[PDB]
Amino acid sequence: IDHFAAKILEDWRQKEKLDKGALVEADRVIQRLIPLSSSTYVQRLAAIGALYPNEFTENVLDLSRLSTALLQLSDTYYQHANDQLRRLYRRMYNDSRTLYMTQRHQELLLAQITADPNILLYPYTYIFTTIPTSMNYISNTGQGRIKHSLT
Amino acid sequence: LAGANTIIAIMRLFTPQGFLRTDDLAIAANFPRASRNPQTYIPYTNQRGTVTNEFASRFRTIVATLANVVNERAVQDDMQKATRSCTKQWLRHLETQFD
Amino acid sequence: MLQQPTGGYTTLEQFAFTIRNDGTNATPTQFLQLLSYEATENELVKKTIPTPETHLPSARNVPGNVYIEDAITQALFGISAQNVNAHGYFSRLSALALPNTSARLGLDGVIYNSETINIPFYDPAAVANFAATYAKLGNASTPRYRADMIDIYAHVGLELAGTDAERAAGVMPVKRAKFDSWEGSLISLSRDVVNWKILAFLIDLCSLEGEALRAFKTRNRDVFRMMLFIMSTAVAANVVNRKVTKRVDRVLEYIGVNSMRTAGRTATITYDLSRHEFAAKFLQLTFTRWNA
Amino acid sequence: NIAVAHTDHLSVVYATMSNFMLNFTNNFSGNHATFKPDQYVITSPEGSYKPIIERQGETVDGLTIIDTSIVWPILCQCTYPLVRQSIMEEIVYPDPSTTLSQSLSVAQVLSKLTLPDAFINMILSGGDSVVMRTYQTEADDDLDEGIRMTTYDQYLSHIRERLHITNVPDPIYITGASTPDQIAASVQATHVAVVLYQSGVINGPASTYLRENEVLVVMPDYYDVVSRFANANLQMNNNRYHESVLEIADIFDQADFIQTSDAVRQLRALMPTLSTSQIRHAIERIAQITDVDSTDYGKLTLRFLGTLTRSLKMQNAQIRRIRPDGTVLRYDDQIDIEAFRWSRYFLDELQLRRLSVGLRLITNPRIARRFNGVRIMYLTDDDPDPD
Amino acid sequence: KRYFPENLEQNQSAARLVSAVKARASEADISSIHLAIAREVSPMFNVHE
Amino acid sequence: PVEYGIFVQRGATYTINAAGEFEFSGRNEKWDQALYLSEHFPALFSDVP
Ligand SMILES: Nc1nc2c(ncn2[C@@H]2O[C@H](COP(=O)(O)OP(=O)(O)OP(=O)(O)O)[C@@H](O)[C@H]2O)c(=O)[nH]1
Ligand SMILES: [Mg+2]
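Protein chains in written order, with PDB author numbering: chain E, 228 to 378; chain V, 594 to 692; chain H, 1 to 292; chain W, 693 to 777, 786 to 1087; chain L, 446 to 494; chain G, 545 to 593.
To be clear, the hints were calculated from the coordinates, so they are not data collected in a lab.
All C-beta atoms, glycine included, are put in the ideal place defined by N, C-alpha and C.
Hints are not guaranteed to be accurate.
Derived EDC-like pairs: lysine to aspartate or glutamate, alpha-carbon spacing no greater than 16 Å straight-line [as the list claims (entries may be wrong)]:
| hint | chain 1 | residue 1 | chain 2 | residue 2 |
| --- | --- | --- | --- | --- |
| 1 | W | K728 | G | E583 |
| 2 | E | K374 | E | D343 |
| 3 | H | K246 | W | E912 |
| 4 | E | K244 | E | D254 |
| 5 | H | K246 | W | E914 |
| 6 | H | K246 | W | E947 |
| 7 | H | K246 | W | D844 |
| 8 | W | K742 | L | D474 |
| 9 | H | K246 | W | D950 |
| 10 | E | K244 | E | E285 |
| 11 | W | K812 | W | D1048 |
| 12 | G | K574 | V | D671 |
| 13 | G | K574 | V | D670 |
| 14 | H | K246 | W | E845 |
| 15 | H | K246 | W | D962 |
| 16 | W | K812 | W | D993 |
| 17 | W | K742 | W | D730 |
Taking CB as the label site, the calculated pair distances span [to be verified]:
| hint | chain 1 | residue 1 | chain 2 | residue 2 | range |
| --- | --- | --- | --- | --- | --- |
| 18 | H | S58 | W | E1038 | 33 to 39 Å |
| 19 | W | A889 | H | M1 | 51 to 57 Å |
| 20 | W | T879 | E | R314 | 51 to 57 Å |
| 21 | H | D272 | V | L594 | 21 to 27 Å |
Can you build the whole structure from these sequences, using the hints too?
Have a look at this one:
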């Protein structure tokens, strides 16, 4: 669980840099792990890790106890108000051995197969379309009280 | 109760598993009976199914409850910690005697 | 020698494929009508199947007449078969692959080393075509050449469960098959299939070309689907029955998802790992031939 | 001085004893911080689970107590064939055949140790039952017809644990906001036809669904149950219902779990009403009919073990890991070994295969030679014929 | 008597629990049991303690 | 004694959490083997600094 969580942090940050479109010297297009056999809790971690939830970009999760945050987040996704996100998380949980990835990742993987034709990379993979979410959560972790000015 | 749920839950273990039979034959024989309508509560009834016995199964949920309670019972002395698990085993045996 | 008609060998009444059902010899198509599918949240998407290796395994010097049809049909649908790779007699198909070999493949499904009397056998050209692809069953086990045994089942699903729109799309929801059923239905189905002379189906699949081939694929699609069905029950993660008001609906879940299970169960035939590698290879070759 | 002969000799003895047939468990992971032995138990839904690993405290002739003191002689007053080398003792490579045959004898013995119990339990596995009322939703309903219901207590005592065994999502609660399609989705997701009642009046399309599809509602209690349904038809009534036992075979149908073929049912009908005592007696009799073959080492392992088995319940017994917290886990397709998913009544594959054929023999009309009922009538026997 | 599983009565850790059960386990006496079953249905006149 | 106080205040045991974080008891209880099958582990062998 701690291993998977560290890798989900890594892939989330890397995908956060690729999403901004800046060139990156990434070691591999999908930095996070694929369970082959694991407990339920790891399958949950692989599912929310694959989801690239807006909550990481917003800093809604607390990283002090990262894996726990990810478990609770997978909980909220397991019964998400959004049917798309819920059915997508559930699908990711049902087939954890498959490596879900955004299409923009897959094009990178294809470029890599082009450059090095005999490269090995994980064969079992699904290319889901990411689901947009309009809710921009405010966040700022670290010391400092927020001095609201109520309207 | 608002927060004593474990107490009420244990108390439900004491609820009787029989039925309230009116004293039909005794009424027909016009035997003495101080009640306006005579009846007694039989402790248990004949098993309906070919194999399972409802009474024994009730005891099974009783000792499962008691085992959960014995399990959640915090203790400090090591021998207390021991008899907790031994208690659990012995409940588990009483269930078979009962069945 | 049996002449091959303009249609496949399968057109002959001698090679009818028919499961038992409702006390009669039902054709596979009219059993597959009974099949119904509960779509679930998961999605199967068919990857391109890797091209089968060019290499044809050596047919080791074997004096005997290897019963190959029995070997294959047992490896795919046999109730009790296991270690289907320790013997390695599938390589024997390659003996037929040579032009002008003295070997012949009998309707019995045995590979005689020489032509022999009173034993009818398929036209050697057609069998040469069939061996040129299916000898590669011989390298089902060899590490360099093993087939994918996870991805391939997606195709199985699409060809079994998939609606014409799903088959066109190349993607279908993972489905959970069901049908009103008799006691021990999957076993009896699997054995009615095991007795099938599938060598006819394969030899027609490999020798036929042009319109006559395509007309085969339509005429025999339900047969192929039945083999796919037996196989899919072999790898189905679980297989329950459902009470349905004084009727019973057998329900296998899920189509197109190889659970890789190896422990046996009363409900269905079970693949040992060797049988998984073998079925994977067989699927790779047969699907490669089914799309062209 | 000693370790030169420890790492290089004893280690291949551990490496070799690691492979012995009866050493089935994992012993360590190397991480003291997190290792804990997997805790399988023989859960019986109609009984209490027997943990395999238990602090039963029976000492097995002193075997379970550990002297750490033994390390001192090891470091000090003991010698090794490698340490001696300046004489060079030849190392001994023991014949496999001794421990192999001993293992085979143990295995073969306990393999057939359970057979009569397993067979009988296989037969009665569907025989567990729940009392269930059947209220009649419309006029001229036969007492079989209508909505079927059972108390939450029965479902908890019978249906639930078997749902955990069968590894299906828990059945949906119904709030009367329930479309029939949501119910169908639940009965599909968990193949037993069962849904838990929660709260509120249940709408009539849902009622006709539950009636037509024989789905079993699980009412928390029977107080004013008709208030719980939309009896728009006004046929359903609080006093109009039929109590009846309902066998687990009549709800579950999982081939390696609960024997449920019509032959075994036709067999169960013939059974007199039973008890765990009568059943234990039956098992003992089948056991004394079949005096199993055993090698002398097997007779020795038998007497060593070496007595009663009857204490365990085995009705639909399964092997499952329990949490250290003590809750019994469902079979994890990724963690628990594959063979543990269904104890196939604790029988060999071949015994099941033959068993089907025997069910064909038992069900066959020509051996159904015990006749029921008779007609007294005062006729001449002019032209006799038994038929 | 069938009060304990074999062989937890022999077990050292169980001694507290075993003494606890032997504290309660009356020897069976026919008249006392018949009296129990009977008391269940007989009318009570002096309030039972 | 000082480090012992600092260690034992954390607890004489711990449980690995469903999230995988360690959760020490906070209490100085003597260990018993009955706990070996329990969720708890001895705290000395946690290897947590
Ligand atoms: N994928 C996924 N499934 C879940 C999750 N939570 C519950 N489930 C499903 O629910 C089943 C067990 O439910 P619970 O016992 O309530 O889950 P839990 O372990 O108590 O975790 P919590 O929901 O946080 O209380 C599991 O088999 C899962 O299939 C989740 O967060 N993610
Ligand atoms: Mg790295």
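Enumerated hints in conflict with the structure, sorted upward: The structure conflicts with hints 2, 8, 20 and 21, although it agrees with all the remaining ones.
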